[PDB]
Every structure is written in C-alpha cells, then in structure tokens.
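Participant: As a plain string of letters, each chain reads:
Number of protein chains: 2
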Amino acid sequence: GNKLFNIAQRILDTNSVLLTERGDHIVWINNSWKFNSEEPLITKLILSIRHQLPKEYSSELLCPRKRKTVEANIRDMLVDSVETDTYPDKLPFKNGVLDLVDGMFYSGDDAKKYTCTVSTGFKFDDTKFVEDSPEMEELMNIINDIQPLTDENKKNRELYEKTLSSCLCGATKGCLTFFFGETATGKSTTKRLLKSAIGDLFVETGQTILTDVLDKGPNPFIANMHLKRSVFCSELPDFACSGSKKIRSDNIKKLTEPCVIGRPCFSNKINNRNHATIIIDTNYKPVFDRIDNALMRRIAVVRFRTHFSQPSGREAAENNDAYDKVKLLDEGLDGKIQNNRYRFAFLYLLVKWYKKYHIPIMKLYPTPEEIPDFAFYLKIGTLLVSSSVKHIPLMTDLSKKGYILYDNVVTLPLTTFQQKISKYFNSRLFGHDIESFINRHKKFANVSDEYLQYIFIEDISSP
Amino acid sequence: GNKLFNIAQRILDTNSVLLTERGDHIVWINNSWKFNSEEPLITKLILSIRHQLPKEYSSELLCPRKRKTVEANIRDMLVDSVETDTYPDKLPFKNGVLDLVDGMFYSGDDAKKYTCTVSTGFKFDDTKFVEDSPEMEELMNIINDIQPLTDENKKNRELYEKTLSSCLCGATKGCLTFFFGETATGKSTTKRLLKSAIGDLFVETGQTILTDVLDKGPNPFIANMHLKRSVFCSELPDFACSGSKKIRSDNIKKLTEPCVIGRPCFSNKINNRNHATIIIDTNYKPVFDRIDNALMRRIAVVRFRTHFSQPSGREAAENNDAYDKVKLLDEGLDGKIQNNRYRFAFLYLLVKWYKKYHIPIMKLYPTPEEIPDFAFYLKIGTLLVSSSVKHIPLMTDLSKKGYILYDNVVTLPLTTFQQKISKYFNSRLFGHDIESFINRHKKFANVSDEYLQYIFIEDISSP
DNA sequence: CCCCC
Ligand SMILES: Nc1ncnc2c1ncn2[C@@H]1O[C@H](COP(=O)(O)OP(=O)(O)OP(=O)(O)O)[C@@H](O)[C@H]1O
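Top line first, the protein sequences correspond to chains A and C. Just so we're on the same page, the authors' numbering is the position in the first sequence counted from 1, plus 322. Just so we're on the same page, the authors' numbering is the position in the second sequence counted from 1, plus 322.
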C-alpha cells in the first residue's frame, strides 16, 4: 500500500536527495547539486523527475499536497549524512564538472559522483575554451600591461600568477594576499577579470571580517563565504592617521582555519567551510594590533607598479616614484570586462597557470620582508637569542662584555641593553619600539630591578 | 482502541526515546544516542522501528499524519527526565563504547545502556589495538626525544604522562596543565598527537577565556568545554608587556569547580557538566597578581627542554640553554602527524598509561615550584609566619633580643622589619613582595605606630 | 528573531 510511500522510495533509490553533515538537503537538478534553505528544492526535484516513474505514478505528482507528502516521506527516510566537496581539483559549472588535472569535462552521471554542491553559475562552452582567439591576444596584452614580463618583476609576476591560479583549487589556503599599489594600477581590473572568470565561486565582503569580532551573533558577512573559492576585500584605510581600527591578528589566524564560525539570520548553521583565497585591495600597507611569529606566517604581498593615465596627466605621472611604467588609459575596457568578453579566455589562462604552478603540491608562502610593521621583529629576531648552555664556558667573556650570570642564566643590564640597542636602532628613531622590546622580552627579577633572559648573537660570537 | 496509542506504547517499551534535563529528547537511530532540536528525529525513529512491530501496525506507519500522531502520543507519555554521560570509565567511539576498567569494547545494542551522546569520531578497530606495531616504536622514540628518560628529566615526564592520561578520565579535575618552553620544544606536535588520538574530544580556544570574563554575556569559548576532554590555548599574551589584562585565580578556581560557568548563545542551560582538563600552551612565564595557598593548589606546570633544528643551525641550536638535547628536525613529521598515521598506537599508549595509573582515584597534582612566580610565595610561606600572643612564654627572650610585649605578643616595627629583611631578601630585589607584605600583614595598633603581626621562622626558632 | 542596547 501507500502509492505515495512507493513513489518516495523510488525517488530515494535514485540517490538524488542527500543530507549533509551540516544539515543541508542537496538535490540533483539540471546537471548540478544545489542546496537552498529558502527554496522548495525537494518538491522541485519531485516535479522534475516525475517523468522517470511509471505512467500511474506520473499523474499523482501533479498535486502540491501529494508532492509535499512525498517530501515528508523522503525527509523521514534520510537518516545518514554524506561527505560533500572533497575533490580539490574539480571545477563545477552549471552543466558539468571540469577536471583540472586532466582537462576533461563531465556531464550527467559522470559529474554526479563528485558531490560539488556549488557552481560557477554559467554553462561551460568548449568552443570558447580555446587557446588562440581574437580575445586571447587582447587579454594577454592586458595582463602584460598590468604585470610586465621584465626581469625585475619576475618573482612578483610569478607570485601574482600563483595567487590568481589558486582561486581554482577548492582547498584551504593558508595565507592572506594583499594587492598593494598606488592609484590606477590594475587591481580592480584584475578583480573584475577574476569575477568574470569564476562567476559564483567569487564573493566580496567587508573589512568587518578583518577588524571585528567573528563570534558576535548573526554574521552574513562571514556566512556568505561558505565554500567560496575566492573572497575579496577592498579599500583599507590609512592606519597612521588615528581614528581607524587596526587589523585583528586573532581574526587573521581564524580566517586560515578549515572552518569559520558565523551564521546567517534565522539560521542555525554556524560553521562554514573555508576554501577561499582572501585578497585585499589597498593603497596602504596593513597595520595589526598585535605582532607575533605566527601572524607573520600568513601574510603575502603583490605589488602593482604600472600607471594608466589620461594624456593630460601623463607628465606628472612619469616623474612619480610609485610607478615604473606609464600607459594610456582605455575607456572601453571596463565595459568590455563587464560584458563577460574575456570570461573563457581568462579561465583558460587560469587553468594553464594552475597546471604550471601545481608541481606536486601547491602552497602559498608568506612574504614578511614587505610589511613595514614586521621589520622590527624580523631584524631583532636575528640578533638576540635566548640563554645559552653550550656557551656556558664563556662566562668570563660575558662579564667582560657586560653580561651577568644568575642561576646559570645570562642577564643583561637594562642601561647597557638600551645603549646596545641605540647603536643598531637610534633612540630618536625607534624609542617606543626599543622600550616595548625591553619591557616585553625581559623578566622581572623584582618590581623595579629586572633582567632580560636574552643575549646578543654577536656577544656570544665574541670568544 | 486507539491503535496509534498502542503503537506509541510499544515504541516506548523499547526505551528508544528519552527526555533529558536540558529540555530536549534523545533518540537511538543507527546505533547512536543522537539528539536534535532541528530534525524530525522521533518520526525518523518511528519509520525505522516500524519493522519490529506486528504486520498490522507496520502498514500504519507509512503515513506522515499517523507518524505525527504517534509522536504526539510518545512525547506526551515522557514525564520523567533522565541524565546522560554518567559513567567515567567508558570511551564512546563512533560505533560503540570501550571499557577502561575491563578493557572490553561493546558494539551496537550493547552500547545502549550507556547514555553517551558525544564520541571520539573514529571507528574502533581491534586488529590495530595491538602491541606488535612498527608505529609504536617510532612514537615511543619521538616521545623519548621530546621528554628525555633521565633522572634530571623525570618529574616533567611523569607530569606529562599524567596530564596525557587525564584525558581518558570521565570526571572533574582541579588542575590546569601548562606547557612552557622555547621554540620547537614539542608542545605543538604533542597537541597534534593528542588531537589525533582523542578525535572530537579536543577543542581549541583563544586567549579570551584567560584574559576576559569567563561568564561575561555570550561565552562560546567557555561553553566549548562542555564534554570536551581536552581544551587547548595557543599564543598566550606574555605578561612582561604593560597594558594587558590578566588571568584570574578566581577563574582558575572556577575551572577547578565541578561545573564551570558557561552557557551557549540564546540559552539558559548554563549547568553544563565539566569533564575537561585544560592544556595552555605559551612561551613566557605567567604573572598572577594575587598568589596564595588556594591558587597554589590549582596550578600545574610542565616544562619542555628540547629543540629540533636544521643542520645549518644545529650548532646554534645546541648553544642555547632552553634545549637540554638538540636533534635534527624532520619536515615530514608535520604531515605525518596531520595524517593521523599513529592513531591506534597512540591510543594504545594512552590506554596502557591509564592501566599503569589504574588506581581507584587518579587526581592531578600542582607543581608550583616550576613557575618562577611562585618562588616568592614559597619563600614567604617558608619564612613569613604569623606571630602573636598565643606563644606568650617568650617575653624575656623577646626583651633580650630587642622586641616588645604588646599584650605579650610577638611583633616588630615596620622599619625594624625592613632593616632585618634587608639582610635576607634585598629591598630592591623584593620591592613588590615588600609592598604586598606591608599592605597586607603590617598591622598596627595606632595611626602613627608601625608594626607587623608576624615574625620570621628564624626569629621563632631562636628565642 | 532580530535589533537593540
Ligand atoms: N591594460 C590596460 N590597458 C589600458 N587601460 C587599462 C588597462 N587595465 C586597466 N585599464 C584602465 O585603466 C584604469 C585602471 O584603474 P583600475 O580600476 O583598473 O585600478 P585601481 O585604480 O588600482 O583600482 P581600485 O578600484 O582598487 O582603486 C581603469 O579605468 C581601467 O579601465
């Protein structure tokens, strides 16, 4: 009995509705997996696949009440969760899945085995996914204008290519990249090109994810990054002028983890999967509230140094020290990019870069030598080291150099340490930094009298 | 009559739905005591159980309306409230429960009597639960490298072993474990190994729980210790910097209490049971403003004295004092531990350590000596003893020494006390301790008079 | 329920 129960069982036997570990209901319609808590996806699937059931079952599914009964039966039948979005080298489209390691495009049940629950939102066109075209030469000219193929720009260009290509691989990336440069240098053009290329896998959020508390309450600004392969933030302010909050290192470290806590309004799903490449456009370098060794492992910088100016302001730009090259501005390029002219050309370029930079494992490495905020830590980290045991047979040398021994621990006088620091970094130049380092790296032998359990590398080098 | 009432009664006879003190229901589907406030779990269980009922009842449960009526009956029958997680010698694994006292593993229905809602998160395998393993040998070698098996490095090893074994205890512990050391001392890799070994029973929280109010408003960090056998803290804010908040001895005592304060968001069930031992990882000595016998009974310290470094910097690493023994670092160890390679060997190691520590009671013990902050408290407790009239039979000796009889009590002037202490503990080297003593125990009987209501142990011993 | 506070 229960024709409706039989219909629900038949639909469940097709493996077209699945329950995820988070609590979602993903359905397979029109050659793609979709989930949406606001749309009647299960009844949509029932109506869509009414054609694959017997003729006596097809006519029963034209009634919304009966479709809702079938949906209730299916919901009670789904008891086990599944693992979704586990292939980091598959790019999902609206009509199939592209193999990023092989170049094969799968449609239908071939693409169904990879439970890719997101998509670009548009259809793959193999007649445009071609190497040579009128659009490809123009796109290559644009890219070579933005990032010149010169010898002094080799490393920066390769880093730019790697960062752009990493927006295809759906895994957790462990760095935050900063597109730094002066005005009119191509950063927004690059952003728009990437958005056109990867479609719905691209999202843009606010600086609140960098300068606010992520726990909070309902946070759609974080909940909108679930499974996105690229996240953009833009327009960092100048932190030198007091009045702007600094970037939270806690947020920076929390954004590189495989899961991020944040939930929408009227929703109970708090944890989102992190597959994102986070890129920040800025005219100014970042300043963080607190600097430590971990934070320095998650920051990378790509610099833009080509100006596109109108003919009136070309001469003033040619004498600027923030530009290496000046080019003529193009006034139709924005519209051409907006109309998705270079979508498949840039997609092909990104796939080629993915192949080139995906030597067995692809990983993003930090560039801490570019951020001025990290210079004080980087310099002093190679000059002073903790107490020494194998250098214990040098206590006479330490005493002659000014150090003292206390429980076989090297201690330096505060005044002597200040005088030594003044040589490498002037007091007038970095008094706040030197005083903070003295107060932070030193232990308190008393309320007033204290000592630093850190000796200079050069002092120990002296025999 | 009321066939649906009969069905509900028969389902209730199987003890598959229970009502917990938190207000929610727990159901037994697919061999797991699972609960949800968002899923139709009771109707799912009804549809699954329908096979066990008679034939005339089985065809009744194919209608969602009938299942809803049966659910209404079943949840109107549930009047008595029960409790979960009542057994401390059991480990819940994804497909059963392992017994600590008996060394037996029960699968399927045999795990039903144990109302365990949380689990480690990996299937229990008997074949890999063996001693003849190539993995346990390398694991023991790595553990020996991190903690040398020597007389000088024995107390630290014992404390480390007890802290690791505490995660298998299903009870409340009053001690908080601390990891102290230098860079690459094994703390992070030990944390990774423990996370791999215990699966979902490990949570990581920032520094908010330590440097903020534990209750405050919403405290997800505090609430995450709810049935979390291990709590981790990383990148602690060293106290040498001036202008940072402090960890509270009141918070330490609250964590030592058998139910720590903590609630989830939009919730009132703050009475969350505590089976947690907190592991705090840092690199600098903590500073506590108020230090006393109560705080000294709830503070544990474990110090690392090893370092692995590159061969180019191997001699420089061996030079340092923070490394008792210096070895050569292996870069693949990170991936090896992140891949959960030695999970069964580590689990058997912890089980064997628990068997060695199988005393009816297994309680953690503070190690206040290691922390440099508690040295002053040890000196004060061993030297500063309250003195007053109850030992009146020393008046002649006090007059001979130079003291006075204030109602036949033992007291010394503040200036005299400072002059006497100047020989033992330097005033410049004990300024904070002297100020605290003067503010606390320097009791006087007059506004202008200066006296202290205590005498040194030497003054007590010598008449 | 969010927002508001
Ligand atoms: N290769 C190119 N050749 C000619 N014109 C270009 C080229 N790339 C970009 N342009 C144009 O020159 C200007 C460059 O400004 P664009 O918005 O790209 O960068 P930006 O000012 O650095 O960005 P942001 O919005 O982050 O400040 C735009 O008007 C753009 O259309």
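Treat the hints as calculated values from the structure; they're not laboratory data. Take these hints with a grain of salt, some might be off.
The list cannot tell twin chains apart, which means a pair is met if one copy fits it or any two copies do.
[Stated by the list, open to error] No farther apart than 25 angstroms at their CA atoms in a straight line, the calculated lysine to any residue pairs in the SDA-like style are these:
(1) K435 <-> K742
(2) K445 <-> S338
(3) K607 <-> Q740
(4) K722 <-> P785
(5) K476 <-> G323
Participant: Need the list of violated hint numbers for this structure, in ascending order.
Facilitator: 1 and 5
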